[PDB]
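For this view, one protein chain was removed and the others were kept in their places.
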Amino acid sequence: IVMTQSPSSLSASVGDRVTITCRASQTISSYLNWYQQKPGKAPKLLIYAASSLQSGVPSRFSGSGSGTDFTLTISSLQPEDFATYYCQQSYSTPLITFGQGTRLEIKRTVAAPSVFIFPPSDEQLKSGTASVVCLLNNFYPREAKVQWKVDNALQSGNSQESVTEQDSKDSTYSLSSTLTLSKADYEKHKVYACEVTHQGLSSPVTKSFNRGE
Amino acid sequence: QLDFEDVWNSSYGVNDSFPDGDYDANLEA
Amino acid sequence: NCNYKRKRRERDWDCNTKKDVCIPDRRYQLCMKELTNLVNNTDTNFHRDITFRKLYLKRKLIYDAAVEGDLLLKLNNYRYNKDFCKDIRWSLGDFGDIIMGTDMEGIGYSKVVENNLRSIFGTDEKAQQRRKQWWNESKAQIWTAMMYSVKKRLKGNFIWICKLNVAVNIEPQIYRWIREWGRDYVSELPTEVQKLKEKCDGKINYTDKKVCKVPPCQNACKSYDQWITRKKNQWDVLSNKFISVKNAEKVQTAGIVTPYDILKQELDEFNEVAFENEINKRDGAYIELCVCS
Partner (left out) sequence: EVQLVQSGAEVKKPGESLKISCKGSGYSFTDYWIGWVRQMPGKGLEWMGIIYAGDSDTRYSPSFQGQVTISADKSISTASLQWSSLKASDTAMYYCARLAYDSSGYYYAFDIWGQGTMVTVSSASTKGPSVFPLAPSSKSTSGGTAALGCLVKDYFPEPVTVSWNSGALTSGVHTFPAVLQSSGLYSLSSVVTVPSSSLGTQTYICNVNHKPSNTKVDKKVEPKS
């Protein structure tokens, strides 16, 4: 029995109404449950028997459907409702199957990133290796592209990327990209640049420096 | 028409000592 | 609504309704008022307090067992004798198979009871183990509630005629119903044959047999015919259910191999070969009382 949730991700603002579907590969009547999970938290049973609320679940949650197509509706999204939602067929007790989850993201107006580049510290060059860091601060949506160029040559394979959670106060993302070179490769070159492509920029932004400030 | 609270209290922990009777005995209410 | 019990044998065993078992009228009249009503507590949580649902059930079942024991005493004309003890044992056993979900009559208020029990114990593969465990820790207290009435009435004169160990013994429902049926047979048989010897005993003239002409003796052979044909019917299906239940069961019962074993255990002066003759209409007293030849 295969359970397919859709969409895998959804953006919406506090106040919105949202609907999540879950499809079963064969009929299971009303033997469907829903769980909520917030990051770093254990899943919580939310709905069972397709449409019964667990205690303490606010009434703006409702569940619908019977057979193979099932729905979870939140009539008006609250800040605490942004989470991941899993469906789970209870038809073959105690053999269990989950869906793959639908993640609720806070929709928000487009914000362009502010961009800063950091040369490697003299302390670190002493250790024999060089990290150049490029910071993209407070942007929306999450989709962003960082390109490294060393003396105009595009870097590939020697950088790594990390993105924060949506900021609790302004819902934006921040990204941090690190280019790792050997101190030998580093001192053999002059111009270090990261080029950022994002929806809120009319055209890509480059921040750069010359080895030797 | 039974006192059902007495029934409940009687069903456990009562513990009085009545004797065994022969299975062919025959008494009256 | 738990009514006075009907007279013994007023309604013979019932092989027509469920055609793989004969149901005693005592089982049809089993008191299940409280077991049928019982409703959910307030919780509204997903999973309720099962421990307290079982305590609620115990109370309800104790009330129904107390009433049953009272009406079974009233059915016996307020005599505290072995026939009453046997009834207490048969109805306790039936309560048990209802609690454990191994009961053979699935009719009417019994199906509602089964859903009430499923709400307390659940429905997964293991719920039956759970129901059996709870029955085994409760059955002696349930038995004590069935003895509330005799106990209360006799006061200082009460004595343990019924034996707790015998009554709480767990064995398949069909074993217990054969025991009950064997005792019913042994009370109908001497009544039914003496109703013949009124009309067909001895010989008409000195050489003819009375059944070959005397019409009062031919209507008495026609009634013993209807009766023995029913007993034979009832014995066949109960033995069929016994065979079906036995080798479809792994908890073995040392000392029981066939339905006759049970009657031998239960009936004093049981003769297997005289019984096989009696129900097959080839016994000695039926021949010279009813067959022309």
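The letters A, B and C name the chains in turn, as written, and every chain counts its residues from 1.
Here, a residue touches a chain if its C-beta (ideal position, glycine included) is under 8 Å from a C-beta of that chain, and two chains touch if they have at least 3 such contacts.
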item	value
Displayed partners of the chain not shown (whole complex)	A, C
Of A:10, A:163 or A:201, the one touching the omitted chain in the full complex	A:163
Omitted-chain contact residue, chosen from C:82, C:130, C:246 or C:264	C:130
Touching the absent chain when the full complex is considered, from A:10, A:12, A:18 or A:49	A:49
Residue numbers in chain C that touch the chain omitted from display	40, 43, 46-48, 50-51, 115, 118-127, 129-130
Where the missing chain touches chain A, by residue	30-31, 33, 35, 37, 42-45, 48-49, 52, 54, 84, 86, 88, 90, 93-101, 114-118, 120-121, 123-124, 127, 131, 133, 135, 137, 160-164, 174, 176, 178, 180, 207, 209, 213
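Throughout what follows, only the chains that are shown with their structure count from here on.
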item	value
CA centroid of chain A to CA centroid of chain B, Å	72
Mean-CA-position distance for chain C and chain B (Å)	23
Residue ranges of chain B touching chain C (in the complex, touch as defined)	2, 4, 6-8, 10-12, 14, 18-29
Touching residues (chain side chain A, partner chain C) in the complex	45, 48, 52, 54-55, 93-94
Contact set on chain C toward chain B in their complex	59, 62-63, 66-67, 70, 73, 78-82, 85, 141-142, 144-145, 148-154, 157-161, 163
